[PDB]
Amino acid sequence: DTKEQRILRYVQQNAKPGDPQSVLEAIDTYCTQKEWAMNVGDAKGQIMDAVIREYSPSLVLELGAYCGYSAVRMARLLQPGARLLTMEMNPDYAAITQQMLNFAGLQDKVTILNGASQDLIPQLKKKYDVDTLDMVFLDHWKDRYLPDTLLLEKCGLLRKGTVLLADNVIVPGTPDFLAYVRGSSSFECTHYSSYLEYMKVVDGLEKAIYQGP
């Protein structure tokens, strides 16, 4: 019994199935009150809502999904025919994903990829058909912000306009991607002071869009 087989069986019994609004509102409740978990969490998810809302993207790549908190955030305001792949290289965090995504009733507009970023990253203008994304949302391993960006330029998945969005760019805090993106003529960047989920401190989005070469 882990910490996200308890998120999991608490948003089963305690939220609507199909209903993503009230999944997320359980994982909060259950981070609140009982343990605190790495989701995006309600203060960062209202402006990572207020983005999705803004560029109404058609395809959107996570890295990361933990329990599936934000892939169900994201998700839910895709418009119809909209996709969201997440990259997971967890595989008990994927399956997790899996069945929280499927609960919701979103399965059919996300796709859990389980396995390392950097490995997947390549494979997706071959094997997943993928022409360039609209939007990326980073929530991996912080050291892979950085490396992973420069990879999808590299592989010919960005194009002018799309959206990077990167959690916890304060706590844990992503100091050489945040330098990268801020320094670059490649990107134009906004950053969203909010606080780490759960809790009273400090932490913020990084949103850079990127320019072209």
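Positions refer to the first chain, counted from 1. Superpose the two forms; the largest set of C-alphas matching within 1.5 Å is the rigid core. What changes on going to the form deposited in another entry:
When the two forms are overlaid on the rigid core, CA displacement between the two forms of 2 Å or more is confined, within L178, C155, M38, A43, to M38. After superposition on the rigid core, displacement of the C-alpha of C189 between the two forms stays below 2 Å. Relative to the superposed rigid core, the position of the CA of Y10 differs between the two forms by less than 2 Å.
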Given for the second form:
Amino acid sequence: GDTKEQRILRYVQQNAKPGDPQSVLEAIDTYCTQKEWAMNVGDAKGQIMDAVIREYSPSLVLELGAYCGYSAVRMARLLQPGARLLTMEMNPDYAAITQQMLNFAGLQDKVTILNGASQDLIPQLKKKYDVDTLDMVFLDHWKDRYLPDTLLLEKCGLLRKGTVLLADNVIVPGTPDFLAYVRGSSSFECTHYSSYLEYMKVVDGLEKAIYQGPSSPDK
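Next, report the structure of the form deposited in another entry; the form deposited in one PDB entry has already been given.
The text that comes after this line covers the one chain and nothing more.
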């Protein structure tokens, strides 16, 4: 039958207002709430996301996991003219829906969808995509890759002192190894934010982890 993703885009195109990103977010959330797709209702995690973008005003953001473009629209609507969101999405069908979503919101010029797995694309950012360091990273992809991809970003020289990581779903279904690493490491200053999931009626959360630069090369 019809995929979730084709129906989400349909609903936006039929109900939201072109070039009004807020209306796009609200349409996605309305539809996904009515369908009882708990993990696809973004308004609770979005309050935390908006505050992070407003405080730090990043010029270059990397998103891991686009899906249908909700979080890309959410962040990009608050970015400055000339600022950039790179979003990595390994499923080309989802990349396609995200592209259509951005076009409808009028935010396509601020976002570049990179089609592939984060583990493959991250090592290409410096040379292929001319990235220096990221100002912010939003982690919202495969749970078991949050810690590995953080370590990969570190190794590839893509984080600087001040880079803000914001990780979603760190409680449900959970990213406990990622949390233990950043909270335990002197290279990250961390803050936790609670975020509710309907239907399951559970308090999930997001973690903000601000990179402080690498640990000493010596003991």
